Amino acid sequence: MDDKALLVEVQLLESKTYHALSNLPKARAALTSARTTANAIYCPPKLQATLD
Amino acid sequence: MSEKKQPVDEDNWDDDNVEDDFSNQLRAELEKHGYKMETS
Amino acid sequence: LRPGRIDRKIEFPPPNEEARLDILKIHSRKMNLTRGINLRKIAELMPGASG
Amino acid sequence: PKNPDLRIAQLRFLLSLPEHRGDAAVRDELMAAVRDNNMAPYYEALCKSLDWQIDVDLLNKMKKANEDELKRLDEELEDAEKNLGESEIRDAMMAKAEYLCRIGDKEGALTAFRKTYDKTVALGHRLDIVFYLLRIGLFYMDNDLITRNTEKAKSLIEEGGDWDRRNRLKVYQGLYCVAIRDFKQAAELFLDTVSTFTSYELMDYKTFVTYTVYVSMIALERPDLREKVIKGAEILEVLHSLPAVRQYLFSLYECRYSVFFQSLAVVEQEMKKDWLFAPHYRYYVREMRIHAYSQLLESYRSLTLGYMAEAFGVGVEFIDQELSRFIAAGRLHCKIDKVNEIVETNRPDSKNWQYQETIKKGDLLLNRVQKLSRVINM
Numbered sequence: 160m161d162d163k164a165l166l167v168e169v170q171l172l173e174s175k176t177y178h179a180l181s182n183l184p185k186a187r188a189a190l191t192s193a194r195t196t197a198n199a200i201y202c203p204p205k206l207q208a209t210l211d
Numbered sequence: 001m002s003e004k005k006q007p008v009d040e041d042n043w044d045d046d047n048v049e050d051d052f053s054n055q056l057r058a059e060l061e062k063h064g065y066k067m068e069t070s
Numbered sequence: 306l307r308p309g310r311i312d313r314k315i316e317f318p319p320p321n322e323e324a325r326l327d328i329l330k331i332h333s334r335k336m337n338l339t340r341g342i343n344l345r346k347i348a349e350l351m352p353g354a355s356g
Numbered sequence: 012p013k014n015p016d017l018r019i020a021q022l023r024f025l026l027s028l029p030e031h032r033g034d035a036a037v038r039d040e041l042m043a044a045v046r047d048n049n050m051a052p053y054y055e056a057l058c059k060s061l062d063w064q065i066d067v068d069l070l071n072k073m074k075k076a077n078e079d080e081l082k083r084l085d086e087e088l089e090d091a092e093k094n095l096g097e098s099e100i101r102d103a104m105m106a107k108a109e110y111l112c113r114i115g116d117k118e119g120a121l122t123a124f125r126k127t128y129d130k131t132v133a134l135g136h137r138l139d140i141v142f143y144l145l146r147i148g149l150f151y152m153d154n155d156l157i158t159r160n161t162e163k164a165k166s167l168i169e170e171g172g173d174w175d176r177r178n179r180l181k182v183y184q185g186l187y188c189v190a191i192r193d194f195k196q197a198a199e200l201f202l203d204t205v206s207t208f209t210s211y212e213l214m215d216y217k218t219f220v221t222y223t224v225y226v227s228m229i230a231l232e233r234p235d236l237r238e239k240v241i242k243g244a245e246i247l248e249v250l251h252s253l254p255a256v257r258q259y260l261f262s263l264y265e266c267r268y269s270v271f272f273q274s275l276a277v278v279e280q281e282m283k284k285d286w287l288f289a290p291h292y293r294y295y296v297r298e299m300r301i302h303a304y305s306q307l308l309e310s311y312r313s314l315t316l317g318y319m320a321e322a323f324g325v326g327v328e329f330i331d332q333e334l335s336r337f338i339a340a341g342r343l344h345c346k347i348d349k350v351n352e353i354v355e356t357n358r359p360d361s362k363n364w365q366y367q368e369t370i371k372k373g374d375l376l377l378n379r380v381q382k383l384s385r386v387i388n389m
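Residue numbers (the deposited numbering), protein chains in the order written: chain X, 160 to 211; chain e, 1 to 9, 40 to 70; chain C, 306 to 356; chain Y, 12 to 389.
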């Protein structure tokens, strides 16, 4: 899909759940992927803060 | 130079020594040992 | 460049899609590629690569 | 590839002492006979215990369906034999042989797989047959079949780039090591927790993890246990699912002796019930008890048996009897005392056992020269 803003939010949710399950490397990977998608697209303030 | 002379007179081993040690024992199967502690 | 001093002037072209696959296989020889990797598609994805 | 063949084998192993509840294992086993046309297993079960009776005439009708599969094998084989293309006959033969493998242990195995193996258009295809040969041997615990298959795949077939196959193969080699009492090699070869894929032999990645935690702690030192299992990223999610596995794995590292002893008892019942883990159930529990006893003793030179009772089970006598037997085995490296009721410590290897370590290697090393000199000396 071309709805990148939804994609960044879901990627962040995956990192949070991996951290909850204690799988740190996958959690870092979900965070890194979320950041790279977010960099190209415009970020609303809540998204940028949640990402940070 | 075969001696001969005396004929007149893991997969299935290694654990044999360990198995022999408690072959008579282990009737409790460990769970009973825990029950014995519970009674204690 | 005169032919008596230099008889041949061989030219090395940018690798063709088939050639890029061959170079990709040569440099992926030691890599543990997971099953389902498509080396052929990867050669197509980079056109006019420098090898 | 093959999907429920391992599960069927485990249920049969379960049906050795607890067959009182038929629905738990026999009812699924009856479904197993009616699925994949498993004619030889229902007959083997008939020999083992169940009469089967009316549920055997219907199975004989299924045997006629198996005969229809055999007729399909003949029809496919003859048409492929007529066909000019080579290996088409083998492709039909291997697929039908796989159906035969479900139908009968002997029928599927031996020549049916071997003839397809004899032709080798693709090394990868030949590897697939070896994997098929290895699983049936594992399911029926045919050590000789397993030894031949592992030797063939490792010696030549693994050569060539097959990363997916190498990871699948490691699980097979490790599972055999778990089946034999050589747990240490399996714990090393179960390092591929990251990429077990969803191997059919594993009931689930969750089962592979339960085996890897159980196998590793017996053969893993405390530095490795924290680095590989306690700090293991993938294992931690899987132990999140199982509370008992998490408590047992964590308690030894946390030095929670009381909780682990209770947890080990839960593990014993699971190990005896589990196929491929039942043969060494006794060795696993006692070896864990020896490792547990060594850990608390390492910290204190002097330990009151009352303190050991507080750490583990309440009864002093039960810790004392295990202590004496383990001390007798040479395990527990310590000297017990009575009336004083204090357990002391044994000499360090570096401190003075270094002399013993040189002598132990030396006695075999010297013995060799004595025999060797005579042969040339004459």
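Don't read these hints as lab results, they were simulated from the structure. Honestly, I wouldn't trust all of these hints.
Every beta carbon over 10 angstroms from chain Y, so not counted as near; a handful from chain C, in silico [unchecked claim]:
(1) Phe317
(2) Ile328
(3) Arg334
(4) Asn337
(5) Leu338
(6) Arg340
(7) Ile347
(8) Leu350
(9) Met351
(10) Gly353
Calculated pairs, DSS-like style, for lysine-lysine (alpha carbon to alpha carbon, straight line, at most 25 angstroms) [unchecked claim]:
(11) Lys72/Y to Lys66/e
(12) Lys82/Y to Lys72/Y
(13) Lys126/Y to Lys163/Y
(14) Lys175/X to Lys13/Y
(15) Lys382/Y to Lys349/Y
(16) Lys284/Y to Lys62/e
(17) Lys126/Y to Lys72/Y
(18) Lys72/Y to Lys195/Y
(19) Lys242/Y to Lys335/C
(20) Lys62/e to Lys165/Y
(21) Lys13/Y to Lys195/Y
(22) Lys59/Y to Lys66/e
(23) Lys175/X to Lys239/Y
(24) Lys242/Y to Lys59/Y
(25) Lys284/Y to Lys59/Y
(26) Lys372/Y to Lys362/Y
(27) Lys165/Y to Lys195/Y
(28) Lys93/Y to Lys13/Y
(29) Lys93/Y to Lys175/X
(30) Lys185/X to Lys59/Y
(31) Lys72/Y to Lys185/X
(32) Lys72/Y to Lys5/e
(33) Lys372/Y to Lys335/C
(34) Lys330/C to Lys242/Y
(35) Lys284/Y to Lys335/C
(36) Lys185/X to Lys362/Y
(37) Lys126/Y to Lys66/e
(38) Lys4/e to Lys382/Y
(39) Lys185/X to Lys181/Y
Where is the CB? At the ideal position from N, CA and C, for every residue including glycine.
Go through the numbered hints given earlier and state which of them the structure violates, listing their numbers in rising order.
Going through the list in order, the structure violates hints 3, 4, 5, 6, 11, 14, 15, 17, 18, 19, 20, 21, 22, 24, 28, 29, 30, 31, 32, 33, 34, 35, 36, 37 and respects the others.
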